[PDB]
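We begin with a single chain expressed as structure tokens, specifically the form solved without this ligand.
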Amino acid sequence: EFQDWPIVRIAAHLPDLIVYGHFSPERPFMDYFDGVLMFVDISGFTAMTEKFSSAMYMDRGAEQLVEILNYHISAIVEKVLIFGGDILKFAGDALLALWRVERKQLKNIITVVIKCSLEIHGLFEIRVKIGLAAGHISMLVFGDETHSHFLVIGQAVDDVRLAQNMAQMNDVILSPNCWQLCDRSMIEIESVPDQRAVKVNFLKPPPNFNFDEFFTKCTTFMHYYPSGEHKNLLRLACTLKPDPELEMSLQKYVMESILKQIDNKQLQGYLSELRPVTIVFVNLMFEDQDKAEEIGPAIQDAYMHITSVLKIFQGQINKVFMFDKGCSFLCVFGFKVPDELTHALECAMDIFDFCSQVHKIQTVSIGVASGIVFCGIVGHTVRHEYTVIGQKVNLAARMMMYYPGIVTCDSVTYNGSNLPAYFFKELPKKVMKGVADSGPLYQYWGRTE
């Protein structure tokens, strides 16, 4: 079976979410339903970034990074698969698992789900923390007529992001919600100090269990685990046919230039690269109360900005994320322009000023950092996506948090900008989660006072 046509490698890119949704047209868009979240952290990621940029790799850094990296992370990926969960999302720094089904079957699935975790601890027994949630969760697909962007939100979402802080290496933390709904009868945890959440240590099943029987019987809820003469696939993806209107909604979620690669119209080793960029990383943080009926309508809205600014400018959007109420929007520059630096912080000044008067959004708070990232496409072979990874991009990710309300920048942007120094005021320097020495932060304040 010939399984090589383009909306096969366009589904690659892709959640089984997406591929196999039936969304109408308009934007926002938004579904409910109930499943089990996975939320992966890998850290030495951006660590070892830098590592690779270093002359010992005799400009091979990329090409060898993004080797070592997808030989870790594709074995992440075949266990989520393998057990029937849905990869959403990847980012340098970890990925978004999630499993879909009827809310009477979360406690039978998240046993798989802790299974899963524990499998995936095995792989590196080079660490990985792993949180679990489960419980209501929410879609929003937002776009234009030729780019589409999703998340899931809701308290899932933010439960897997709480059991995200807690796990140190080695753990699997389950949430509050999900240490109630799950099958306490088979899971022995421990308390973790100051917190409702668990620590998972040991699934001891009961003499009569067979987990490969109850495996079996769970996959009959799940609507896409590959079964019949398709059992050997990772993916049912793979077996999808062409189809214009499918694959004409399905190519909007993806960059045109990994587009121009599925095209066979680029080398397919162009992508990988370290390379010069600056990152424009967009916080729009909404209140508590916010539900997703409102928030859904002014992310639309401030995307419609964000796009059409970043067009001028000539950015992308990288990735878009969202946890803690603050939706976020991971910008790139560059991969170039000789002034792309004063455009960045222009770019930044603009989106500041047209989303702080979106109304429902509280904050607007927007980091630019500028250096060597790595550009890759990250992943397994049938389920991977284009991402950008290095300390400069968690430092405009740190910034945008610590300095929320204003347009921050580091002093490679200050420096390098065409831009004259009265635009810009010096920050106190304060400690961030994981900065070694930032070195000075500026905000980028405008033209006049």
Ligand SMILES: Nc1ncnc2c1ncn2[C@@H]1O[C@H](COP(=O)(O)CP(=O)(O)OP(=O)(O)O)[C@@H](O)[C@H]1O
Contents of the next structure:
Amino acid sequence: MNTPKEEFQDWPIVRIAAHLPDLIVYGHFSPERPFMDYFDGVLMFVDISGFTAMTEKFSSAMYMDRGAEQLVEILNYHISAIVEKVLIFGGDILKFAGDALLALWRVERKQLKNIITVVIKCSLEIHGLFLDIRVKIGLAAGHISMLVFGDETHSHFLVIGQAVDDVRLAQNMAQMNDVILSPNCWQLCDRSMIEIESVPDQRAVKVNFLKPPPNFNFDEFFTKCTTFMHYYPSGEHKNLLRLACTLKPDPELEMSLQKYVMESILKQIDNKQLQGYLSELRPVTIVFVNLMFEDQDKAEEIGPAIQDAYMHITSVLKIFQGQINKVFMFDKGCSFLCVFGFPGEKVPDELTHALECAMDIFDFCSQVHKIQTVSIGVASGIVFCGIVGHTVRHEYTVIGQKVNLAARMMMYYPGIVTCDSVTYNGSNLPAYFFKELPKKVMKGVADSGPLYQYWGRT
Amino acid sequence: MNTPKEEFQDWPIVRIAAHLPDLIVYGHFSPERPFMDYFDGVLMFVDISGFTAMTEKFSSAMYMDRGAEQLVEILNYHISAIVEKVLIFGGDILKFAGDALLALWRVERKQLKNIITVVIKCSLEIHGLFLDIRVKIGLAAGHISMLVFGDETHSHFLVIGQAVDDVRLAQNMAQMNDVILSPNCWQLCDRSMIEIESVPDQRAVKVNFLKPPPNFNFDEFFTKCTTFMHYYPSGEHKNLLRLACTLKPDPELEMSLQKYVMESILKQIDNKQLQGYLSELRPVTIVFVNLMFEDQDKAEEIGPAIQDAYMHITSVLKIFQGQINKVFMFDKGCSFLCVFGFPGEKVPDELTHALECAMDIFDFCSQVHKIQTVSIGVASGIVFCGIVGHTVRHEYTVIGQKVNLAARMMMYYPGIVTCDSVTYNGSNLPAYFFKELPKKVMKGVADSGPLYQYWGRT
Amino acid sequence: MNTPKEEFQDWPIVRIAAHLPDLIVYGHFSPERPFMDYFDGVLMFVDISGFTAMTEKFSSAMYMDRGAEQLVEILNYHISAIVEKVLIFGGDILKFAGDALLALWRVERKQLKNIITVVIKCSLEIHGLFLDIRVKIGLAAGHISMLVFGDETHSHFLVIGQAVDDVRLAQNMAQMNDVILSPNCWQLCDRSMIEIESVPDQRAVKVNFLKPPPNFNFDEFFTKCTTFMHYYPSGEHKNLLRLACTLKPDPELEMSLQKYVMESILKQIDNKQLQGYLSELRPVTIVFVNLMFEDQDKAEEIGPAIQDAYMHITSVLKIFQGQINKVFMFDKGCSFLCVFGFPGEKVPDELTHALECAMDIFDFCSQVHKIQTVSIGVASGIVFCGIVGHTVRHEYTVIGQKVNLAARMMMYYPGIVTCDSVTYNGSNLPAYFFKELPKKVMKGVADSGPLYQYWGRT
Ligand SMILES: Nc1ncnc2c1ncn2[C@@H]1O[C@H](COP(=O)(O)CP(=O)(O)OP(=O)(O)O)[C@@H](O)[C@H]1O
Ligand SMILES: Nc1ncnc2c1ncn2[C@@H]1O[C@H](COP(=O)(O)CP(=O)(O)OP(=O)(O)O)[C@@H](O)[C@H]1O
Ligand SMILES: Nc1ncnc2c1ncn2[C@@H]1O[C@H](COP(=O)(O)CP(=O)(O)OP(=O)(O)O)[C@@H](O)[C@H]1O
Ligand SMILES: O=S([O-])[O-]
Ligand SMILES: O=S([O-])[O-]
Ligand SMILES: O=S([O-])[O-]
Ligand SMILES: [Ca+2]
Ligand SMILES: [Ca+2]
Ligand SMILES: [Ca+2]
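Give me the form solved in complex with this ligand now, not the form solved without this ligand.
Okay, now the whole complex, with that chain kicking things off.
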């Protein structure tokens, strides 16, 4: 009797799970929204520099209109190798945000110290790996909360808390190839192993070296650490990057997971549109909404407010096929990256609508309980849209100078709705709905043309 | 000199042969239609229950319009494993009929007894395998005839005869996890091996156990049996499920095989339409035509009559892009499962045309020599349409409560054209073309709304 | 720590390189056009017979409109095996021209003799391999020049010189399974190894046998020869057909390589159109342009003239979406195979435009310095268009009786623009723009209907 080889089965549930972390794939939580959960772990925030400039350059005529295709190939080639190192070292990629990602090693507290050593080693192997593009890495460790929010058809998650805020601080202060440890990371870690320098005006710290003691054996140390990693592929599945590669069809799980993924993506997953259709350099409008709270680490207070905000944002965006691309925590606050003009979703009057939608969101969210300040940046132009990451873990994302600009506007011009010149000039609206603003110098943007506040009709 | 690995070549002839059994792939028969051939073998008729109810439920809004996609994934996941067991045990899957299949082990008579033991073991391993869904299995053994019929562009085949009628009886009388043997099966089999119970009002029989004698070794027994299996993958190809995976391009064979497969399928095979396009929950009209004969086991009489009927049915269906989905033998008669509204084939006035086409078929076929009774059931609604089975053996099929309803109407209301309420209400036709019928209780249907006879214009 | 298997990555740069030889993939030459380079090597020109007749026959109704699909499958099945033998024996496939290909073994002069023995052995293994279709093979050895020409968006290359002219002569004089060696090939080769016959009225020669001396061991001899093959897959990559299978994304290289490949092909490479869309039997018009020179082996003279011609041809074709399918050297001259009606590029008035474009090209090119004679054949009808070759090395090509006819017209009616009856009858133009020509018997065409010269408006 023959025993023929099982072919890899590439079921839709497996393709959907590529878009999600293990935290969600194997999470099985309740129905209620907001849902919150609490744990400890180590975070790695890996940021690549030089890609939005490449994006700008790949719009140039030398790429003969294969700009999007060439950009995504070279981006995925580099990012895939980072993703693979993270997975092999036992991390869960939580989210891609443009050309950056955030990864988690969830463990019990007693194991944090040993796991911090695993993540440092991983970081230094990634730095190793590095077209003129650098990588900055922040690491943090401690308490983390997860929030899941949404409605009957859509779900979103976020991590929140002091380690989350720390990991962004640590990354922001890194020079152009540094691994920086949060102060808490630095004090929980195994100091006899790691050689650091102080850094100016902060107790956060820079890693120079991993100097293991005499007969420390990393492979034995790692194996010990795997005892505490729930989903590390092993045994018969040790040749796989992710256990989620082995998920089997299960309608109830697939219904829960698909809510996290955008419809146009699901369509490609179902072999109902060409795989190449979602990689594009297209003109869109970014509406970047920032919500700040009294205490942004306190998930039981902020969770309800984010749910409330999401219910309203989703309904006004729907009126324009606008879409939420991603949600995440910034140093200040919860940010919704919203996009008008995603593929097949091109209403004309995009700019006008982007502005009215932004005002509506600003007015509603301002009155939501616990939301201290709302800030919204609106910028318009040619951005890269596409699937970024590795075949086994990847997400739909947007990269471009205009995405960066909208993000910086909401930070540098808090408490108001701001817009760029393309949006101002291109909108239908009367000029006195706007106020021209003082020019501010902003991190990693040059030649923002004039900026405007969208005042509305006083 | 390098010896690089041959890549699996997935030629169109290989993809076409996935849709056909070995009986046809390696058959090489004459041109004439009808063609008949005679042999012996064992049949297994495996029926899954619970799928048309799942079909109904997957139309619900909780599946967020990925109903068809989720249904086909979970159906193929389970059905694939059954297909694989059948192939590994050396069977030929002849046909899929909704959520049921029919499999054949063709052998010389002297070998029937030993082969019956192989098929029982296979059946019990399939029962093993079993969302709330059961499997019933009928087995039969003895004489089988095959009929091939059609025209210059289309071919169809059917198995006919006493073992065929038996295998349906045996399956129909099974409780909700039984393996039932036909009476002839029971008397040809190796009684010292198999432990049965009698069943009420029949000499057909239920298998409880396979109790091999002391040093019976199944693997050695199976290998002996493979001597009599012409196409069992072996040698260099022993890691394959089917020898048809190794077919090489051959224009003459491919022209003969493609006649059995629907054009829209061929289009996907040729990479001229998206693979996902044929999995759908769509509104269609089922026209189920049943032909009964004096003697339905006598292939030399009935073959000409089925050919004649097919020539006419095909021409009237063509006038409406109606399509024959499948043909097979029921307990009484030869059934054509015809469908109006298959993809890209959506004439409006579908219902009216379904009725006129049915009357035309009824009038012509009634006068064909040797056809004793014609019965036709017409039902309309949302049915699943798609490719069911395993990657190496699969077929386009329709599953749904309306498919079941049309099948039961033609059996419970013999000799007339019947239709459901959707068809009656939705058609263009005047009310006095119909007669409202007495309500009958019918196997595995509830809430058939009112039923009508299509009388035509007296 | 796991070491999971790297998946084959099928990056766009790798798919583009399938369309090109190593001579271009690993060439890295300057920007300037024309670019010329000089080397030595052995050429093999493998011609299949019987395919354009199969093409004709696959338009017949017996193929049920899957003619193109069946033709390409059976063509690629046979051609793939030839390609594979050529690659395994260390050759570079330079170009496909319908159902023929040209392959190169580039080496230093001292190694030519040993390499000639490798190529003969390869030839005899290919002859081995051979629906009623024969293979003729010409071999030549010596000096070869390569010309690269084009503009900012498109590149083309050609090999030129005495070995190139020789390899076509040798192939043209072969009977219907011969391997013929050019005279220069015959005198550089290892005469103690190869058993030949003379052939009528030529010092070119026919191979009967390879009779290696007593303890000649071909595998050891081949390995020695691999020392001189720059890109022979080896080591970790010895299970690959081509080293180009390992190319990694690199925007600068990909921009240079994509210029050689047609846009519609790039679109399929980018997963923006169905793979099956480019295999078709479609009506097109072939415009075959032949340029002759005083000395066609002298690349420093002819290179500028071909560049000049190309700049003009490309601009007039653009005005009609006409396309250059391929360029190559014929026994006399440089030929541009141009096509009107490639997919998505179907202007009506195709025939008229094909004629005016041809006249324009004829008038301009006639005055280009160093171009002695221009000849252009225009023929219209159903031709096969599609990707021919092996998965790792393949090209878009056209095959058909009309392609052959246009090629023969430009040779048998030199110095003028000629057209077939379909073109004459179907064009819009007044009858006195044409002159009906004397009927000539032409190699491998029968029933060319009447032929005409396109005179233009005197
Ligand atoms: N797709 C995305 N998702 C979330 N945030 C994004 C984003 N694209 C841009 N941003 C935000 O825009 C800001 C850009 O500033 P930086 O991160 O310092 C740019 P950089 O990494 O030095 O080089 P780059 O522009 O080549 O990416 C960040 O705050 C980042 O969070
Ligand atoms: N695609 C198909 N091809 C052929 N016959 C079909 C069919 N779909 C339904 N039928 C017919 O419809 C009838 C349905 O009755 P049953 O077979 O008893 C239903 P069941 O198996 O108990 O559960 P189910 O409805 O979940 O399938 C059968 O006679 C069957 O032949
Ligand atoms: N796609 C293509 N590219 C370049 N030249 C082509 C071509 N198709 C046809 N030709 C030319 O047309 C002519 C055809 O004549 P032959 O090569 O003798 C035909 P054959 O090989 O005996 O059988 P065939 O017609 O089945 O191919 C050749 O000069 C060839 O160069
Ligand atoms: O990674 S969470 O802040 O979206
Ligand atoms: O399996 S045969 O009755 O179509
Ligand atoms: O092979 S070169 O003459 O195009
Ligand atoms: Ca960045
Ligand atoms: Ca069933
Ligand atoms: Ca040829």
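Positions refer to the first chain, counted from 1. Rigid core (definition): largest C-alpha set, two forms, superposition within 1.5 Å.
- Only one of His72, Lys107, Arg275, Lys325 has its C-alpha shifted by 2 Å or more between these two forms once the core is superposed, and that residue is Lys325.
- Annotation for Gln289: C-alpha shift of 2 angstroms or more between these two forms, rigid core superposed.
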